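A.B. asks: Generate the whole structure from the sequences, applying the supplied hints.
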Amino acid sequence: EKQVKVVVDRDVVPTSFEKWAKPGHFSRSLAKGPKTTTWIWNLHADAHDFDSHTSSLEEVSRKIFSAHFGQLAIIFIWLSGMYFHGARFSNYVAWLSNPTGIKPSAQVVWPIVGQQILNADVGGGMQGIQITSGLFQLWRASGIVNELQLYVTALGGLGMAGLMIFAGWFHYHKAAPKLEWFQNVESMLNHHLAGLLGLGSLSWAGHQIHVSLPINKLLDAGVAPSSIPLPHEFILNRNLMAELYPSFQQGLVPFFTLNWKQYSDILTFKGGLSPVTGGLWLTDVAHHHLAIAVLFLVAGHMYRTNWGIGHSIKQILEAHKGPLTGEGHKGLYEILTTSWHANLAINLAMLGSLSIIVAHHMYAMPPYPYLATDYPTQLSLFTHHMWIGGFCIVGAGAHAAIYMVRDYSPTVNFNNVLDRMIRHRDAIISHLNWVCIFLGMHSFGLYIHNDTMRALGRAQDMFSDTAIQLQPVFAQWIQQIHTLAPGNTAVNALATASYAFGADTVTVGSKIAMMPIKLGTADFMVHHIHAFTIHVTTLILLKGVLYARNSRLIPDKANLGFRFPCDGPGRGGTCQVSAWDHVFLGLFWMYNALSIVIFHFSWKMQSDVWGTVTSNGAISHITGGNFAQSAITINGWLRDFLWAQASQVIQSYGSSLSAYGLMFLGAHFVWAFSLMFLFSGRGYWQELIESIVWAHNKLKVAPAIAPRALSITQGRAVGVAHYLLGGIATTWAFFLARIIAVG
Amino acid sequence: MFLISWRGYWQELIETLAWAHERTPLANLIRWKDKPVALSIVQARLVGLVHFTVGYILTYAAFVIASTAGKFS
Amino acid sequence: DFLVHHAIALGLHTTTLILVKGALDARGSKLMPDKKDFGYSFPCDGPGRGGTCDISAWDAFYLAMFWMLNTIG
Amino acid sequence: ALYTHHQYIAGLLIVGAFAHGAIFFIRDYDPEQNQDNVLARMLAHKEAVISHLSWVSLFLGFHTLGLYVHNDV
Amino acid sequence: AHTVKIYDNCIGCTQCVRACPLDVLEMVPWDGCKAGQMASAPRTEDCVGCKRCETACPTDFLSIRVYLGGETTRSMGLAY
Amino acid sequence: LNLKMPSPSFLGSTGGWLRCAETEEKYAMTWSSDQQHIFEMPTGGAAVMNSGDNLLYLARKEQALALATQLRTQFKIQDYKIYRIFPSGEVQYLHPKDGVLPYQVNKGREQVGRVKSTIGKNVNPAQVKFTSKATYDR
Amino acid sequence: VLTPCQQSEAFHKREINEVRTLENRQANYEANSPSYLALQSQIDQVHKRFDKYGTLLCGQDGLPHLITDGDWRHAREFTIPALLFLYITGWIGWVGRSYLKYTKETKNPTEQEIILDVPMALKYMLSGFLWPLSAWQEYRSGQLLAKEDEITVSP
Amino acid sequence: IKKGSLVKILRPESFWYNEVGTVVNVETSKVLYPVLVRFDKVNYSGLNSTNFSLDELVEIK
Ligand code: CLA
Ligand code: CLA
Ligand code: CLA
Ligand code: CLA
Ligand code: CLA
Ligand code: CLA
Ligand code: CLA
Ligand SMILES: CCCCCCCCCCCCCCCC(=O)OC[C@H](COP(=O)(O)OC[C@@H](O)CO)OC(=O)CCCCCCCCCCCCCCC
Ligand SMILES: CC1=C(/C=C/C(C)=C/C=C/C(C)=C/C=C/C=C(C)/C=C/C=C(C)/C=C/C2=C(C)C[C@H](O)CC2(C)C)C(C)(C)C[C@H](O)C1
Ligand SMILES: CC1=C(/C=C/C(C)=C/C=CC(/C)=C/C=C/C=C(C)/C=C/C=C(C)/C=C/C2=C(C)CCCC2(C)C)C(C)(C)CCC1
Ligand SMILES: CC1=C(C/C=C(\C)CCC[C@H](C)CCC[C@H](C)CCCC(C)C)C(=O)c2ccccc2C1=O
Ligand code: SF4
Ligand code: SF4
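Residue numbers (the UniProt record's numbering), protein chains in the order written: chain A, 6 to 748; chain B, 660 to 732; chain C, 514 to 586; chain D, 368 to 440; chain E, 2 to 81; chain F, 2 to 139; chain G, 30 to 184; chain H, 2 to 62.
Hints may be right or wrong, so weigh each one.
[To be verified] Partner residues aside, some chain C positions facing chain B, computed with beta carbon under 10 Å:
(1) 515
(2) 561
(3) 567
(4) 575
[Said to hold, decoys possible] A short, non-exhaustive set of chain F residues, derived as facing chain C with CB atoms under 10 Å:
(5) 104
(6) 109
(7) 136
No lab work stands behind these hints, which were simulated from the structure alone. Think of the CB as a built atom: it goes at the ideal place given N, C-alpha and C, for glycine as much as any other residue.
C.D. replies: Structure (structure tokens):
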């Protein structure tokens with residue numbers, strides 16, 4: 006039994022500006038003076054690498070706890086900024102009065118160089134830039150009706166940021182916990198499961214029951230936002246809550262008497278989207294938060310902490326052992342308690358996967374009101390969370406490789422799952438590479454074959470609905486099962502979880518909110534393309550992590566480090582052999598996969614879901630059924646999607662969307678500038694810099710800091726950074742301009 | 660492809676493929692006469708430059724011919 | 514026409530810069546004084562001395578090929 | 368088609384001329400027999416030539432792209 | 002079949018031998034420096050061209066030069 | 002030498018020598034230890050070196066030398082010998098080849114691959130054109 | 030051919046088009062309310078800008094074309110801004126060169142380059158207001174151009 | 002050329018060619034390159050000093 010106690014060191018680090026005037030103080034090599042321009046880049050490259058600074062785990066743990074506080078403060082400042090922008094420079098009240106007619110906007114551009122044109126006529130009196138972040142819908146779902154609440158929330162956010170600033174400084178210069186702290190994974194998990202998530206969802210459920218539910222009910226009943234009672238009135242005067250929800254007449258007595266069924270007025274399970282706003286029923290959302298809170302709270306009492314009751318993660322890990330895995334998960338507990346890189350890899354992979362799942366679930370089941378009708382917001386949110394998820398996944402792979410190169414130990418990883426995997430890494434990577442080849446052929450080859458057939462006039466020999474058909478029978482079957490679930494497998498559910506599986510369509514403000522997303526041959530091919538790209542990117546990352554320590558080409562890659570340029574022009578060439586380079590390649594592949602994924606979502610939504618509905622139910626999509634026969638060929642993807650939909654971003658000049666068009670061009674430049682750093686080497690730039698330095702010497706204007714070219718690894722990093730920035734910015738401007746100009 | 664990815668990722672990949680080919684039944688009989696190896700550093704630059712050049716020329720050739728044809732035909 | 518002719522000038526000058534630099538620095542450079550001893554086309558000199566990727570003159574030609582395609586484009 | 372044809376071939380031809388000049392410097396040039404020659408002198412002040420070419424290319428790029436983006440904005 | 006050549010500017014610091022991963026270099030008695038030792042490459046058949054020695058050389062201009070020539074199984078680092 | 006020497010306790014792995022090693026060169030490393038240390042095999046994995054004599058086979062000289070480097074660094078083991086075995090069966094002593102580490106100056110070694118003066122005196126490629134001579138050759 | 034914009038119908042047509050574009054959006058708003066005043070200021074600025082540009086030369090497209098041939102009549106178009114740019118950038122270059130020359134005289138010039146010495150940096154920035162005159166006398170004294178620099182093999 | 006004597010380099014392949022450097026020490030064991038020279042500037046390998054011969058250096062003032 007180990008005491009889960011708190012031990013801290015007081016005044017461990019002094020608070021002074023002495024170290025601010027000595028850049029590179031955290032590194033022994035960087036504290037001796039630059040001597041070259043490469044030191045400037047190395048200073049920032051190794052600034053947040055706390056593991057390279059010192060060899061003590063305690064110091065790294067403290068440098069992480071702090072700086073986590075700093076990032077939390079940065080997030081709180083950003084949130085406060087969003088709330089203040091909504092309260093001061095946004096048409097939030099006007100939007101509340103007419104959510105469908107008024108375009109959300111919370112940014113006002115200053116009139117200086119003709120940029121005042123960017124202030125679009127979003128309505129509501131004010132003119133500004135239309136925001137697609139969903140801030141307006143979220144605030145409405147939270148019960149915000151006046152800008153005073155937005156101002157108070159902004160002030161509270163600023164205060165929380167100040168608190169997260171003080172906490173970060175206090176936990177590094179006034180009270181720094183010892184390594185025994187931070188190694189209590191059982192206590193940290195129990196608290197995060199029952200306090201950070203469990204109690205958090207419980208509190209949010211309470212807020213929704215007492216604020217979101219009544220305010221939104223009155224809003225959806227035709228009551229003006231100014232005439233709705235204040236949130237505190239619903240708590241003080243129980244008569245109002247009783248009138249809006251008779252369940253409140255019984256009070257909390259039913260909860261304590263197990264007569265939970267009496268809460269059918271506030272805790273419903275309707276299942277579908279609200280026909281008035283198009284979003285999920287707030288009652289179902291509150292009931293969902295209550296259930297997730299109770300489930301997380303119960304889950305938070307699993308591990309053992311300072312008491313006999315509970316579980317030991319190490320015991321559970323070591324208990325799992327089988328014939329095909331000699332030692333099972335033995336030694337993994339010590340791995341996740343002595344290396345922050347391993348924990349960061351697992352957490353980054355899970356956080357990225359969670360973000361991707363969030364994107365899918367948010368578009369399919371619009372949670373906020375009027376979110377579905379605001380297609381710009383829907384496109385931006387799905388695409389945004391999809392991108393952040395992919396970036397976090399690539400980062401997860403990078404940190405896994407980092408741990409493998411630096412924190413790995415043969416004694417700890419002996420005959421366990423990790424060691425057993427490293428033993429047969431060749432089978433893993435060759436079989437996975439074979440899967441990638443098969444997927445690419447059977448996914449992209451289908452598209453290429455269709456291009457060849459259509460060009461030859463042999464349309465009868467294509468992979469389409471009319472010609473050879475490839476129907477996702479399994480996915481279509483799951484959709485049908487979901488369509489029939491509300492009556493045979495969900496007895497208490499009154500409607501399908503998502504109308505995208507089937508049921509009927511929902512229209513709000515003469516606009517389609519969510520209708521069944523039928524899958525055909527085009528969806529079959531695109532889904533296989535998605536799987537192919539995911540397989541190749543995971544192959545690149547897994548290869549980099551498995552061979553991070555050694556390989557048949559370089560027997561001691563670990564000694565060379567995780568981030569090294571190459572072993573030289575030997576053994577035929579060992580360029581981009583380090584794991585860091587594998588992450589560098591995985592970034593491009595993740596970008597390609599994610600770009601294709603967002604492209605499919607955008608086109609499919611604009612051709613089969615998003616659109617207008619005329620009286621009597623007639624439906625007219627933005628691109629009427631063109632995805633069925635145009636998404637099956639690369640030519641169609643270039644003509645009906647990249648060319649047809651780009652007209653909005655190229656013709657945006659002279660209007661409020663001109664900025665997007667400008668960003669559309671700028672991004673291209675950046676994407677084309679990255680090529681400079683990707684198809685070139687530092688030897689040539691060093692020679693060019695030598696000639697330029699001679700020119701400077703001829704005028705006695707040479708700098709003391711010897712100018713040097715970017716390192717090989719730094720050059721690769723700059724190239725990938727510019728490539729991703731340009732590509733994501735181009736598709737960002739294209740998506741936003743296309744969705745704002747139409748729909 | 661060749662202009663971005665350099666030799667070293669492909670060398671290890673080919674080693675993995677070599678292991679797979681010589682460790683699978685019914686296909687061990689077939690043995691490569693020349694040991695598989697990744698494209699050399701300079702060979703990669705030349706192959707990538709040739710691909711880029713072929714694409715640049717063919718893309719603009721198709722564009723110019725098709726545009727001048729459809730526009731005036 | 515004035516602006517695009519200036520762009521044409523930019524391209525011609527940058528391509529001749531890369532090519533002239535490749536021809537003049539083909540025998541040696543402060544980074545690799547013995548470049549002439551390694552021939553015209555060689556991969557590199559390893560990551561030593563900060564890095565020597567694309568040090569050979571052949572790479573200067575390969576870097577100038579992209580600029581020629583851009584200028585002529 | 369013909370204008371683009373000949374211009375692209377011209378670009379390839381001039382780039383090849385410069386590449387062969389570099390090959391000449393590395394393989395068919397002996398400074399011992401070219402002393403104080405115009406060619407040897409070119410190699411003597413190569414740094415000045417490269418620096419001025421770099422300045423011209425930088426000036427043209429900065430100004431031409433600045434004017435194009437200014438008009439665009 | 003790469004050719005490794007040691008020049009007279011060698012200071013006998015042994016860093017090239019210590020950084021060579023194929024036992025291609027060694028130290029032999031010499032009288033051109035106070036160290037009384039000079040780098041030698043009597044096993045160049047095992048060299049692969051990684052140039053780790055070139056990177057580990059401290060002289061102004063590398064006293065050890067590795068020229069990539071004939072390619073064999075050893076030089077290509079093929080375990081298959 | 003001593004092909005019957007005991008081997009470290011390893012559980013296989015898919016990174017060991019392939020068929021090519023059978024029909025071609027196959028390196029071997031034989032070292033002695035006093036404690037059953039756990040070392041990372043150059044092929045990927047973890048093994049326990051038998052207390053006493055340890056003998057293992059590899060497909061590359063660099064792999065054996067890397068293993069020797071880690072045995073000398075992670076552990077104070079300096080009596081590591083690397084041999085080479087050909088398909089015919091004749092063994093060849095490769096490392097250290099003389100009982101002394103390469104970076105340790107030892108008598109009896111003859112300088113190989115020496116060039117007079119610095120590299121700045123190398124002849125131009127034009128002076129040795131159409132001949133079987135190199136610039137580094139004096 | 031080029032004609033003054035004040036006498037070109039294209040210029041007036043463009044001015045009217047811009048005014049119409051602004052007025053179309055201005056009509057939606059109310060006289061005294063947020064916005065509508067924002068568009069009136071833009072219209073006034075458009076009128077002033079066109080009246081200012083009327084003196085320039087423009088062709089058929091009506092876009093003001095700038096003559097850079099060096100004609101005195103068009104000095105304000107390119108000559109004056111060209112001279113003012115050269116003065117500003119020569120000032121920047123000369124102050125930077127002097128600061129570098131001073132830093133090279135310190136014990137560790139690298140530290141000065143990283144952590145700029147605001148006192149001396151400002152001392153050289155404030156000065157140099159006569160950089161064209163300072164460029165000379167430095168050249169005449171031989172303190173501007175160097176004699177021997179770093180050169181690789183085959184000079 | 003002795004202790005701390007400014008000397009200009011003459012080696013063409015040297016990174017500090019045509020540059021001045023200080024003499025840290027001079028060998029007396031009859032070696033090929035007995036003059037150790039240190040420079041304020043660093044080369045591409047991060048090293049500032051190196052050995053040279055008498056014929057490869059010229060004393061300055
Ligand atoms: C962390 C989440 C959270 C938080 C902070 C709150 C916070 C609050 N809730 Mg609440 N609630 C939540 C979640 C949450 N809730 C959830 C998940 C549910 C289920 C969906 C409810 C359902 C609920 C109801 C129905 C009511 C509240 C009420 C309240 C407020 C007073 C509670 C109270 O003590 O009254 C105590 C009330 C009692 C009846 C005590 C029970 C035992 C008494 C002593 C019986 C003995 C007889 C006696 C004579 C009293 C007669 C009462 C009878 C006439 C009803 C309070 C601010 C009450 C309120 O103020 O309405 C605005 C209210 O009626 N909540
Ligand atoms: C004014 C109060 C104060 C003072 C005097 C110090 C002083 C010191 N701190 Mg400290 N610290 C503070 C507050 C303070 N800190 C707070 C509030 C936190 C919580 C975040 C921390 C957490 C912290 C950690 C974890 C560490 C230190 C360390 C140090 C020491 C060296 C590092 C350094 O200061 O370089 C100066 C560095 C900066 C000025 C960069 C900071 C950048 C800020 C935090 C965020 C930037 C956000 C964003 C990118 C801005 C937008 C820019 C652009 C993109 C638009 C030094 C004695 C380090 C040490 O080694 O101690 C010996 C150490 O590891 N501090
Ligand atoms: C129920 C108790 C509890 C709660 C609610 C939290 C909550 C949190 N912890 Mg934490 N932790 C706890 C107990 C708890 N912890 C214990 C007992 C240990 C030791 C075993 C740890 C050790 C620990 C570490 C090492 C780290 C965290 C981190 C975090 C933050 C994760 C980042 C995030 O998701 O943003 C969500 C943010 C919010 C929702 C804002 C809420 C913030 C308020 C102030 C609630 C937190 C209360 C705090 C735990 C205790 C107050 C102390 C009091 C003296 C003032 C989050 C705020 C990480 C972090 O970010 O560092 C700062 C991290 O590095 N925790
Ligand atoms: C919670 C997420 C998270 C965290 C905490 C870390 C933490 C860390 N990472 Mg990691 N990483 C992450 C996510 C994360 N990473 C993701 C998502 C990726 C994929 C992109 C990576 C890929 C990655 C690599 C490849 C490496 C690290 C490294 C590191 C370590 C050192 C970082 C450093 O000092 O560089 C300093 C940071 C900078 C100099 C900033 C670079 C700026 C880039 C280009 C982003 C620009 C964004 C911005 C929006 C651009 C537009 C604005 C512009 C116009 C100005 C450190 C412990 C390095 C390491 O382990 O050391 C060996 C390492 O090599 N990371
Ligand atoms: C995934 C999207 C995508 C991608 C990756 C590409 C990629 C490419 N396209 Mg393409 N294209 C796309 C979508 C895409 N296209 C779509 C949706 C359409 C409409 C159907 C087109 C229509 C199209 C045409 C008509 C052409 C291409 C061409 C090309 C190739 C140009 C070769 C090069 O290196 O650039 C070179 C880049 C440039 C020359 C600049 C391009 C445009 C700028 C604005 C011209 C400015 C000229 C100016 C005078 C230069 C000086 C300015 C400077 C001083 C500031 C390249 C392979 C061209 C080609 O055949 O290759 C030569 C070609 O003519 N594309
Ligand atoms: C969009 C693609 C692109 C662009 C813009 C450039 C641009 C340039 N290349 Mg180049 N190149 C490219 C692709 C590109 N290349 C590719 C694919 C290759 C094949 C590998 C090459 C290979 C190559 C070689 C071999 C050489 C160049 C050289 C040059 C420079 C020529 C001199 C000049 O015009 O300077 C003018 C500057 C510009 C045109 C850049 C615009 C100015 C910027 C935007 C201003 C500064 C940033 C600004 C403040 C905004 C950022 C703010 C910040 C907060 C984020 C120039 C900067 C030559 C050189 O070095 O010249 C001396 C050189 O020899 N390139
Ligand atoms: C003391 C500052 C300074 C001075 C006086 C010069 C002067 C010169 N440079 Mg240079 N340069 C500088 C900084 C400076 N440069 C910096 C910081 C860079 C890296 C971006 C370069 C990169 C550079 C290149 C690539 C080239 C020159 C070239 C030249 C020469 C021709 C003009 C030119 O093309 O400029 C070009 C100027 C730039 C590209 C950007 C200048 C950067 C800023 C805006 C100015 C410096 C501000 C400085 C920090 C001020 C210090 C003030 C002090 C009091 C604290 C000329 C003698 C050319 C040459 O080789 O000669 C023929 C050439 O090709 N420079
Ligand atoms: C065969 C029925 C399963 C349907 C296939 C999809 C299952 C999804 C789980 C993925 C792993 C595959 C299950 C066998 C794997 C499995 O569970 O085996 C059983 C075994 C686990 O049993 P142990 O006795 O080792 O249990 C002890 C430890 O697990 C302690 O928890 O796992 C292995 O040791 C081998 C691991 C992968 C072996 C290589 C297979 C790789 C192929 C991957 C592709 C799978 C098929 C793709 C879909 C067509
Ligand atoms: C478990 C148990 C029970 C009761 C357990 C109880 C009472 C649990 C209570 C949980 C509560 C009250 C949790 C409260 C959570 C959070 C609150 C009240 C405030 C949160 C933060 C807000 C509202 C602000 C958020 C911002 C916004 C929205 C954006 C930021 O930019 C700025 C900023 C202002 C920070 C019963 C059954 C009664 C018996 C008892 O013996 C045991
Ligand atoms: C009649 C007349 C005229 C005249 C003119 C003149 C007389 C001039 C010119 C001209 C010229 C004059 C031109 C040119 C061109 C050139 C070029 C295009 C070049 C080149 C080169 C290259 C490309 C390279 C080289 C090299 C190298 C690389 C290295 C080694 C050496 C050599 C040399 C081989 C005009 C039209 C005005 C007008 C009318 C009248
Ligand atoms: C262009 C390029 C270079 C040259 C790029 C350089 C030298 C970029 C660094 C230049 C910096 C950004 C300019 C100096 C900034 C100073 C701080 C000056 C600021 C002065 C005022 C503006 C404040 C490489 O070194 C390279 C290396 C390896 C692969 C590809 C490439 C590559 O593509
Ligand atoms: S210099 Fe570049 S191309 Fe050459 S081996 Fe090193 S990383 Fe590879
Ligand atoms: S190139 Fe590599 S293997 Fe060859 S001698 Fe040098 S360090 Fe040894």
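A.B. asks: For every hint, state whether the structure bears it out.
C.D. replies: Status of each hint after checking the structure:
With its C-beta approaching chain B no nearer than about 24 Å, residue 515/C sits outside the 10 Å limit, and its interface hint is violated. Taking 10 Å as the C-beta contact cut-off toward chain B, the hint placing residue 561/C at the interface is violated, the least distance being around 16 Å. Checking residue 567/C against chain B: minimum C-beta separation of about 8 Å stays under 10 Å; hint holds. Hint status for residue 575/C relative to chain B: holds, with the closest Cβ pair at about 5 Å, below 10 Å.
Hint on residue 104/F is violated. Least Cβ distance to chain C is approximately 19 Å, over the 10 Å limit. At its closest, the beta carbon of residue 109/F sits 31 Å from a beta carbon of chain C; the interface hint therefore is violated under the 10 Å criterion. A distance limit of 10 Å between C-beta atoms decides the matter here; for residue 136/F the minimum to chain C is near 4 Å, and the interface restraint holds.
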